[PDB]
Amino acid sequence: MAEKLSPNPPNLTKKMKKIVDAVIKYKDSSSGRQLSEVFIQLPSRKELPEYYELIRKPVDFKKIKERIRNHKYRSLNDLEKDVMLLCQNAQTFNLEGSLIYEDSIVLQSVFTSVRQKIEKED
């Protein structure tokens, strides 16, 4: 099947993984809820058919991680786009003010600050 992609510069792959790991690890300081936890693994098309009806380009953090390992992302812009899509998809499928919709909003901000921090190191 698929033809292997040229590996990214390793430093770029390490930056990608660092950023997504901080995002995934992030905790609401009050509840300790890992905001990411519901976004790790999207539910099956068999279990939640209506999801895949409204959301044409679904994405979870498992796929984002896969896409980093496979060098599908060629830049941090490419990674960011997919995390922002993850958050947009949440905001489309869930009603505003809901736990999942508002958590996705916070995760955008955590991505942005985490990215900045990591890029400011080099």
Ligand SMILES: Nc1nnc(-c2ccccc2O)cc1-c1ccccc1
The other form holds:
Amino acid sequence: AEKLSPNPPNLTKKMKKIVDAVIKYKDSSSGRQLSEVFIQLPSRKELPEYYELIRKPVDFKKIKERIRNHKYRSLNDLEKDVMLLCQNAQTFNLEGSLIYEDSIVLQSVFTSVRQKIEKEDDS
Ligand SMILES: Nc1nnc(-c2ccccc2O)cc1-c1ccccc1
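Form deposited without the ligand already given; the form solved in complex with the ligand follows:
Shown next: the complete complex, the earlier chain at its head.
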């Protein structure tokens, strides 16, 4: 595939900062790193069923590659992919499950982290 045009540096920096904070997030009481199940998808071969139900699979490793390769052209584009990761979790897993509910929390963490980074960049 053709190399894409680099984003402006501050935009890439904010993308990387947002995703790093979402990844690093830990439940305040328990210390559990909610992102840990979302770093790396299972194989189409350990879990072929995942790929039958989920049209556009994505994990945090893929999101990080899509930042590096400039596939996202705005924070909106990054947000869409994080929220797609979480939607996919919600599609595949049962309401009430650890994976489903953790994805809902990470949606809120993404929003909060983005908001802090945006507010503190407005100078
Ligand atoms: N049940 C799951 N639901 N979702 C993901 C998942 C992982 C990364 C990104 C999005 C996901 O939706 C993984 C499992 C999973 C993990 C290990 C063995 C089997 C399934």
